[PDB]
Amino acid sequence: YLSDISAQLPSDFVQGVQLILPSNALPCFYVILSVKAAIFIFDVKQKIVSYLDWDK
Amino acid sequence: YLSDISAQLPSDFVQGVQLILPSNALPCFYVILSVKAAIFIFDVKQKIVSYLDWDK
Amino acid sequence: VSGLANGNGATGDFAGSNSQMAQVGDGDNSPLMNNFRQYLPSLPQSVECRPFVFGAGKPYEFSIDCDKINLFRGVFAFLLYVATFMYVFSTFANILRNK
Amino acid sequence: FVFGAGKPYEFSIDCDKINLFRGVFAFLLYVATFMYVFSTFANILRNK
Amino acid sequence: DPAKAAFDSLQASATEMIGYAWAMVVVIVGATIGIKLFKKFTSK
Amino acid sequence: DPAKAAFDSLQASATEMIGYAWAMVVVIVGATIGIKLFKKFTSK
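Protein chains in written order, with the authors' numbering: chain AAA, 57 to 112; chain EEE, 57 to 112; chain FFF, 306 to 404; chain GGG, 357 to 404; chain eee, 5 to 48; chain iii, 5 to 48.
Just so you know, not all the hints are guaranteed correct.
[To be verified] Calculated cross-link-like contacts (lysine-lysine; reagent style BS3-like; alpha-carbon spacing at most 27 Å): (1) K40(eee) - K44(iii); (2) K103(EEE) - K92(EEE); (3) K363(GGG) - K373(GGG); (4) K404(FFF) - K92(AAA); (5) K112(EEE) - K101(AAA); (6) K44(iii) - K92(EEE); (7) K43(eee) - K92(AAA); (8) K373(GGG) - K363(FFF); (9) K101(AAA) - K112(AAA); (10) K92(EEE) - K48(iii); (11) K404(FFF) - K43(iii); (12) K101(EEE) - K404(FFF); (13) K103(EEE) - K103(AAA); (14) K112(EEE) - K101(EEE); (15) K404(GGG) - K48(iii); (16) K40(iii) - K40(eee); (17) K404(FFF) - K44(eee); (18) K92(AAA) - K92(EEE); (19) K48(iii) - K43(eee); (20) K404(FFF) - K48(iii); (21) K92(AAA) - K48(eee); (22) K43(eee) - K43(iii); (23) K92(AAA) - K103(AAA); (24) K404(GGG) - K103(AAA); (25) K43(iii) - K40(eee); (26) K404(FFF) - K43(eee); (27) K101(AAA) - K48(eee); (28) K101(EEE) - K404(GGG).
Please keep in mind that the hints were generated in silico from the structure rather than gathered at the bench.
Okay, chain AAA solo, but in the shape it has when bound:
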């Protein structure tokens, strides 16, 4: 779905962002995206251990 609803920041609104941005800004964002993934693997793996109660 995400292929045709795509747009990029105009080139005039860069000089702004690159005057305010700290160093830990983008690094932080990536963390918020890695914490998500981790929780999805935990969830899938927790539901495969519950299939051990189907043989009783």
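Assemble chains EEE, FFF, GGG, eee and iii onto chain AAA, guided by the hints.
Leaving out everything else, chains EEE, FFF, GGG, eee and iii in the frame of chain AAA:
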């Protein structure tokens, strides 16, 4: 993850915080962090008592 | 059923799900959630602070200086770390509370 | 858009500075959908 | 017309200043939209 | 130039006052950011 995204409050914005802060401020924050822990032990221990229904 | 969770493998009738469970992943790396990463919005990077000059050459020339902007970047860093520590923490605590 | 057709006080809100807004507005709508599709796949087993 | 000359000078000057202003507003609006995105990504 | 002397004095005075102001704003902004953090920690 929390080791490289680390930053500390600049030293000029202290004189402010130390003019407004009550006495029960930081003590309260710690409570909000202890209530969290407690609920995590309750949850883990409540799921070990449900394994008593796997032997039937 | 233990080998499709340990990541050791399964041999038998459970030998088809050993390729479906490789797509799920292990740790932080998930082939399924890395498909979403070629389509991430391109955000600009971080450079050192340069001044901005209003009115180059004219009697009315002034410049927004960097000394009072560097102080903002200091407070801004802090308020982004505090807001991530209070997210990582609170997501470990409520791992069994189905959010 | 033209305010005051024909009169001495005729002015027009131009398109050059409106086309720039539509540029930033597109971006801020894609960012807000990518961060919705993503977060709904991740929490598919967390009963929302 | 000693007035026409004067009125023309002041319009010229005004046009120059509006140009410098359209610059400054794009630098500041950039910054504001950039603080608002990062804060959002961070807090539910 | 009895005017040059005067104009110079007033600029000197102005510079001094801007210095005192940059102080006051850091004390008040500190306080405001400190009330906003504590309230957040307390209410979901």
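Verification of the supplied hints:
A C-alpha spacing of about 17 Å is found between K40(eee) and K44(iii), which places the hinted pair at or below 27 Å, so the restraint holds. Between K103(EEE) and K92(EEE) the alpha-carbon distance is near 17 Å, which keeps this suggested pair within the 27 Å criterion. A hinted pair counts as satisfied when its Cα atoms are at most 27 Å apart, and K363(GGG) with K373(GGG) qualifies at roughly 24 Å. For the proposed pair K404(FFF) and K92(AAA), the alpha carbon gap of about 12 Å is at most 27 Å, so the pair holds.
Between the alpha carbons of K112(EEE) and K101(AAA) the distance comes to roughly 24 Å, so the proposed pair stays at or under 27 Å and holds. Of the supplied pair hints, the one linking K44(iii) and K92(EEE) holds, its CA atoms being roughly 16 Å apart against a limit of 27 Å. Among the hinted pairs, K43(eee) with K92(AAA) is consistent with the structure: their alpha-carbon atoms are about 18 Å apart, no more than 27 Å. Taking the CA atoms of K373(GGG) and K363(FFF), the gap is about 25 Å. The hint holds against a cut of 27 Å.
For the proposed pair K101(AAA) and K112(AAA), the alpha carbon gap of about 21 Å is at most 27 Å, so the pair holds. Between the alpha carbons of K92(EEE) and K48(iii) the distance comes to roughly 12 Å, so the proposed pair stays at or under 27 Å and holds. Note on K404(FFF) and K43(iii): the hinted pairing holds, with a Cα-Cα distance of about 23 Å set against a maximum of 27 Å. For a cut-off of 27 Å, the pair hint linking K101(EEE) to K404(FFF) stands: about 18 Å separates their Cα positions.
Among the hinted pairs, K103(EEE) with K103(AAA) is consistent with the structure: their alpha-carbon atoms are about 14 Å apart, no more than 27 Å. Taken as a hint, the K112(EEE) and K101(EEE) pair is honoured in the structure, with Cα atoms around 21 Å apart against an allowance of 27 Å. A C-alpha spacing of about 18 Å is found between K404(GGG) and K48(iii), which places the hinted pair at or below 27 Å, so the restraint holds. Of the pairs offered as hints, the one joining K40(iii) and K40(eee) holds, with about 16 Å between alpha carbons and a cut-off of 27 Å not exceeded.
A C-alpha spacing of about 19 Å is found between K404(FFF) and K44(eee), which places the hinted pair at or below 27 Å, so the restraint holds. For the suggested pair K92(AAA) and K92(EEE), the alpha carbons sit about 20 Å apart, so the restraint of at most 27 Å is met. Among the hinted pairs, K48(iii) with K43(eee) is consistent with the structure: their alpha-carbon atoms are about 16 Å apart, no more than 27 Å. With a C-alpha separation of about 14 Å, the suggested pair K404(FFF) and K48(iii) falls inside the 27 Å cut-off, and the hint holds.
Of the pairs offered as hints, the one joining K92(AAA) and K48(eee) holds, with about 12 Å between alpha carbons and a cut-off of 27 Å not exceeded. For the given pair, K43(eee) sits about 17 Å from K43(iii) by alpha-carbon distance, which is consistent with the 27 Å threshold. As the CA atoms of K92(AAA) and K103(AAA) are separated by approximately 17 Å, the hinted pair is consistent with the 27 Å bound. Restraint check: the Cα-Cα separation between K404(GGG) and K103(AAA) comes to about 16 Å, which is no more than 27 Å; the hinted pair holds.
For the given pair, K43(iii) sits about 20 Å from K40(eee) by alpha-carbon distance, which is consistent with the 27 Å threshold. Proposed proximity of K404(FFF) and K43(eee) is supported: the alpha carbons are some 22 Å apart, at most 27 Å. Distance restraint check for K101(AAA) and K48(eee): the Cα-Cα separation of roughly 25 Å lies within the 27 Å cut-off, and the hinted pair is therefore satisfied. This hinted pair checks out: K101(EEE) and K404(GGG) have alpha carbons roughly 24 Å apart, not beyond 27 Å.
Comparing the model with each earlier hint shows no violations; every hint is respected.
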